[PDB]
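Chemist: Residues per chain, in single letters:
Number of protein chains: 2
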Amino acid sequence: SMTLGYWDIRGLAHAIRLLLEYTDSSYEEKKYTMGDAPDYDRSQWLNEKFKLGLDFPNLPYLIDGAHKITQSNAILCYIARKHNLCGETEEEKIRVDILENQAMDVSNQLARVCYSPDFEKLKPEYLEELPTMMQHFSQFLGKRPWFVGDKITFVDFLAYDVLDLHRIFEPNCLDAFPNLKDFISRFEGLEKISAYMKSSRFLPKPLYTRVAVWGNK
Amino acid sequence: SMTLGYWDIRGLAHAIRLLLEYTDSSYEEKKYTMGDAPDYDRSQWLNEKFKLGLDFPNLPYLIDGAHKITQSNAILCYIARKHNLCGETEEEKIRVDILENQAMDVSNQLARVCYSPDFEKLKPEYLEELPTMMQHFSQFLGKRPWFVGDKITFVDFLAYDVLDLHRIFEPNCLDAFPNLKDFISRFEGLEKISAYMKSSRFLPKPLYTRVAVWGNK
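Taken in sequence, the protein lines are chains A and B.
Per this note's numbering, the very first residue in the first sequence carries number 1376; after that it's consecutive.
Per this note's numbering, the very first residue in the second sequence carries number 1376; after that it's consecutive.
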């Protein structure tokens, strides 16, 4: 088995947590909690930072015996490798790379605004540019069922999560693009995914950590 | 010939101008210039932007004839691939995934600082944690000549970029881990790298865009 560490928050973990589930990967949940109050006690994880012997201390981090890795993309990729959930042809592979970094780019964009007390100040600015943003995901998906082609890849996990984030932030987004709404259908109707969705250990929210103005819980 | 387009700023393309330089890739430079005044004008880009046909119109971008690869990382993966400077062995693949992203993490982290209003307030905090972050980089290289191991991969260029960045910022941050220093000197000593460095196309500064509280020019 393998263990995955992070907080009991969705965060950058929700993508990996999806990937491991879809591939019947027998994993273990390593979640650390931080206090509320004025000084968000982030100890739980801190006292175990060094004890894991990670190259670069941080979470999410994956454990698979002589395999302990950090950095979100490194983890997703690695699980994808033993499943071929990466590109095959040069075209597929480049579309995977673009989308890879692009997904994380927009996740971060939304994060920055949500991790800023000036929330409502920047909130509209994001909401106004957002339509053009969503527009392109459809421009990319377009013809194929899965963002890269007819085959499912790890990037299709990144795409789902980032789509659901905005969906809850402002539901009135994907509607203008039935293309993007369709995607969130296949990637929900999947036997193993519906299973995980309707399971006891299904973690949707909190979106952001206690230190978030919005999405915190 | 492939076209490389980015602002007249070194920025993120700095690693790319080295990589395609090293791989003898027949490139051409499309520099877009930023304006000043209260509204730092970027019309040159805005006007072109959508015309180029990038699935996700962003700068820097690469148009290898019939290939419009956007986003630095995806660009790096693209060039490296065609010149096999990628992780060959599974253990190397993990090193490549970790380093690439980690180097990208710290670069944007410094980018968070130089792009935030209160530079001189947040700066001491970065210096406050700078050494420890650097430590880990030293660990990773360890005894190897190149971060991944015996061979040179794209992640070396990336690393060299992020390392040099911190050398102009704080000349003594790297002055604690000689292991990292030698790596740099080795990198610069590479025949087709020294030539570029003392060539009319070498772009070492401006570091940040013409709006950054630090690094702009």
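Simulated from the structure, these hints should not be mistaken for lab results.
Check the hints yourself; a few may be wrong.
The list that follows gives simulated cross-link-like pairs (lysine-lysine, DSS-like), each with its CA atoms no further than 25 Å apart [as the list claims (entries may be wrong)]:
#1 A/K1406 x A/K1468
#2 B/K1580 x B/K1498
#3 A/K1498 x A/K1518
#4 B/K1405 x A/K1526
#5 A/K1518 x A/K1496
#6 A/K1580 x A/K1556
#7 A/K1457 x B/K1526
#8 A/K1426 x A/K1443
#9 B/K1526 x A/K1468
#10 B/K1518 x A/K1424
#11 B/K1592 x B/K1580
#12 A/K1518 x B/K1426
#13 B/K1526 x A/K1443
#14 B/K1468 x A/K1468
#15 A/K1443 x B/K1468
#16 B/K1592 x B/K1424
#17 A/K1526 x B/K1468
#18 A/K1457 x B/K1518
#19 A/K1468 x B/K1443
#20 A/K1424 x A/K1405
#21 A/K1496 x B/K1580
#22 B/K1424 x A/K1468
#23 B/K1496 x B/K1526
#24 A/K1580 x A/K1496
#25 B/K1526 x B/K1556
#26 A/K1526 x B/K1443
#27 A/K1498 x A/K1526
#28 A/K1457 x B/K1426
#29 B/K1468 x B/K1496
#30 A/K1592 x A/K1496
#31 A/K1518 x B/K1443
#32 B/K1457 x A/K1424
#33 A/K1406 x A/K1556
#34 A/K1468 x B/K1592
Chemist: Look at each hint and say if it fits the structure.
Modeler: Here is how each hint holds up against the structure:
no. : hint              : verdict
1   : A/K1406 x A/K1468 : violated (33 Å)
2   : B/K1580 x B/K1498 : holds (20 Å)
3   : A/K1498 x A/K1518 : violated (32 Å)
4   : B/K1405 x A/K1526 : violated (36 Å)
5   : A/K1518 x A/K1496 : violated (37 Å)
6   : A/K1580 x A/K1556 : holds (21 Å)
7   : A/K1457 x B/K1526 : holds (24 Å)
8   : A/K1426 x A/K1443 : holds (12 Å)
9   : B/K1526 x A/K1468 : holds (23 Å)
10  : B/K1518 x A/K1424 : holds (24 Å)
11  : B/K1592 x B/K1580 : holds (8 Å)
12  : A/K1518 x B/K1426 : holds (22 Å)
13  : B/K1526 x A/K1443 : holds (22 Å)
14  : B/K1468 x A/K1468 : holds (15 Å)
15  : A/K1443 x B/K1468 : holds (13 Å)
16  : B/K1592 x B/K1424 : holds (23 Å)
17  : A/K1526 x B/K1468 : holds (23 Å)
18  : A/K1457 x B/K1518 : violated (29 Å)
19  : A/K1468 x B/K1443 : holds (14 Å)
20  : A/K1424 x A/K1405 : holds (13 Å)
21  : A/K1496 x B/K1580 : violated (33 Å)
22  : B/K1424 x A/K1468 : holds (24 Å)
23  : B/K1496 x B/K1526 : violated (41 Å)
24  : A/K1580 x A/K1496 : holds (24 Å)
25  : B/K1526 x B/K1556 : holds (18 Å)
26  : A/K1526 x B/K1443 : holds (22 Å)
27  : A/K1498 x A/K1526 : violated (36 Å)
28  : A/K1457 x B/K1426 : violated (39 Å)
29  : B/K1468 x B/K1496 : violated (39 Å)
30  : A/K1592 x A/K1496 : holds (21 Å)
31  : A/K1518 x B/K1443 : holds (19 Å)
32  : B/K1457 x A/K1424 : violated (38 Å)
33  : A/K1406 x A/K1556 : violated (31 Å)
34  : A/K1468 x B/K1592 : violated (37 Å)
When the structure is compared with the earlier hints, violations turn up for hints 1, 3, 4, 5, 18, 21, 23, 27, 28, 29, 32, 33, 34 and for no others.
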